[PDB]
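The complex is shown incomplete by one protein chain, all other protein chains being positioned as in the whole.
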Amino acid sequence: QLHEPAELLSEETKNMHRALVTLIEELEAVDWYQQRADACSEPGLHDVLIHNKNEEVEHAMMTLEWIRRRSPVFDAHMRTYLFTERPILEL
Amino acid sequence: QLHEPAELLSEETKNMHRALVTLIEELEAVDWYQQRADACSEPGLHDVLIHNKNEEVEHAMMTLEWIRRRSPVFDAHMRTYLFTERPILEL
Amino acid sequence: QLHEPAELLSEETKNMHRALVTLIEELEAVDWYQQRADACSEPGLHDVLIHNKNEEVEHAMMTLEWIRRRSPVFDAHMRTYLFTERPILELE
Amino acid sequence: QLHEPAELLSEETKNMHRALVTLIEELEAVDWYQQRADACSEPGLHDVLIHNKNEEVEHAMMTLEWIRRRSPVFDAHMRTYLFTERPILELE
Amino acid sequence: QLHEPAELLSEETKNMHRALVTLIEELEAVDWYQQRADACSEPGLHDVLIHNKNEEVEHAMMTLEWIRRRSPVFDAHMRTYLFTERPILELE
Amino acid sequence: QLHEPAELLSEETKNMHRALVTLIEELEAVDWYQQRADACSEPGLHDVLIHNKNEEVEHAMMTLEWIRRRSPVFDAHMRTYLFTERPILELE
Amino acid sequence: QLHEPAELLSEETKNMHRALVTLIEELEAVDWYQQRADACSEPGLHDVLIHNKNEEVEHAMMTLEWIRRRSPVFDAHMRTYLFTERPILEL
Amino acid sequence: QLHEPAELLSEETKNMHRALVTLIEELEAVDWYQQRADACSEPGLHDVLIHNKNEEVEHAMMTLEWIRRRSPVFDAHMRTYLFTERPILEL
Amino acid sequence: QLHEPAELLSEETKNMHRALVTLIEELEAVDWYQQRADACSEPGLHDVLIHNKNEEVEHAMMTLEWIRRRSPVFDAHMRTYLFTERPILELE
Partner (left out) sequence: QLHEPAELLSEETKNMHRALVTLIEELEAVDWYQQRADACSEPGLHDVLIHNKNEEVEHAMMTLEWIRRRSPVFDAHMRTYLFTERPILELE
């Protein structure tokens, strides 16, 4: 799924690619599961959708922390914006 | 883009969807820019791709903070894993 | 995503669609995660991928059990083939 | 379609890929046949669609059993949730 | 899947659309089931894939027969070319 | 558009794939042309679409015969279902 | 599929849309049938594909003529370039 | 976007593929530009779309002329149908 | 291909969408035509590809000028970066 041939990409970029697409897929599930739970009128299916959505959030944040630990840029920008109170554009 | 009729989804779900796809697109840019900068053979284009890559990271973390402030599940799991040191699975 | 206009589908079909695509997306994660784990270079990422892969398997079977309780056709065929021992084709 | 070069994957991974995508396509057909049967008035076509929908369920469970027999993680999770009565979330 | 709004299409057209895409999807399964059968290195899965393939062929011809009974143009061309022995182009 | 690397597919599988995709595309044209003819508000264009539609049916049946001659499974099922009058499910 | 609401388009545009997509699909079939004939091993199949490819060309030019008879811009440009011999850009 | 591995296609087929997809993309532009022009709520933009639409037609016919000079089947069917006035089917 | 229903979008946004996708399609043709001219060995086809590529650039810059005239952000950023000499990043 690379947009470039593998022989022109370092290993670091290729691993970062693997983490980024994983994070992306998990965030897509978060969106899709919440949509289906809102539209779902069967109580048993609704409880499963929400429960598994929340574990997709956990997987996503697991992957994001792995990226933070190998990316100074992610680390820098995460310290600026995450867990703040002021209007986002003021940080 | 939505997978369900809008009138069945809560406004919070629809607004979260908007933010979630924004974060997704910003994370995709982070991956693609790095791949193209790796394969890039001209230094001028390389520096521009890395610089805008890093601002895409900033944009993604801005969106994630907006998600966190309105999503109890994101807040909880972000608290658990982000800015940690132990092996991620131990958390 | 749906192949027919919602007005012509019963809610049973739409709820089944919701469950079936959820199961499909979970099985896709099981496949893709294993592919990335194998090709992975950094062992830390490999470990995360395997661990969360296995939870996707759990999600999948949770969804499949819901389908079974609502679908007599799934129930019948799951009874015939699941947790058996001899060649699968002999079971038909 | 694979997401990693074939030379980086074990044969088990690649065989599991072939089983998982087969299962996925079979599950997709179950969904699509049902939607078409609903939106179709001609009883003759409706009947063929249902009869083929049900055979796709069968193909799906055959493939899934093949996966269980070679995947401890599938077996463990299938033993927990499949063929139960209590609320699904109470089984973990 | 439709390329035109529904209010501009007769009922026979829509039912024909449902039938045609059904045949298409079944023919696609024949193709993919064969490809994966060739590539897989596990005879258990090979035998399942080939067996499911042959059932998809059966579904295909079932749907085609339904089309034939509804479409004179299909009937005529089928009588011309099917179950013959001369080079195909000569049968014009 | 293949689903497996070429070197793991036999020559016969690939040729069959070429024929099957050809049949699918022709069947797709039958569907799309009918839909366009229905919504067409111009006699000339309507007349052309219906004429080309019927020719695509011929191309389709031409290809299906080529498949039949190289597929015992297609041949067996075509004899069972094509050109009958009993309810399709009653055939076997 | 249309890229605009049907009510904002004239019937001319919509009928022209139907002609242009038909022409496009026919031209696509021309290309695909030729590619298959080349990579084909069995001679019988090759001739079936060529024969059907040539009929798709005919369908294509049929559709194009219909477009010409109602599009003065197609007619003008078709008169400039079709059935000529000089270098195309010199026209 | 070839449908067969290039190794199995003659260079004549690949050159025809190049010309055919170019012509397809130009016809797609002719269709889309007219849709956006109709639905346009701004006369200035409408005028640019129509003007450039007509140059897309010109590009299309330039490409089709190259195809005709290179393909006997296109030449023959173009001779039959283009610039006629009786019913297309009667031809 | 709007990502939101037209009812929730202003007129300026929808017209900007129409101009932006037009610009995108033109830049896409610029890329594709240059690639095909590089790989094409027929002199006649090469000259046509290049000539029409260059007119796609013209169309794109026409569309961009139309956007700049409606968008102070495009205008402000265009003044900062376009027609300059310093290293691109040193321009703020």
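The first chain written gets the first letter, and so on, giving A, B, C, D, E, F, G, H and I; residue counts start at 1 in each chain.
The rule is simple: a residue touches a chain if its C-beta (ideal position, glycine included) is under 8 Å from a C-beta of that chain, and two chains touch if they have at least 3 such contacts.
From the options I:23, I:45 or I:48, the residue with contact to the unseen chain in the full assembly is I:23. Where chain A meets the missing chain, the touching residues are 3, 5, 87-89.
Contact between chain B and the absent chain runs through residues 11, 14-15, 18-19, 21-22, 25-26, 29, 32-33, 36, 39-42, 44-45, 48-49, 52, 55, 59, 62-63, 66. Of the residues in chain H, those that touch the hidden partner chain are 1, 6, 44, 47-48, 51.
In the analysis below, only the chains that are shown with their structure count from here on.
Chain A and chain H have CA centres that are 43 Å apart. Residues of chain I in contact with two or more other chains: 44, 48.
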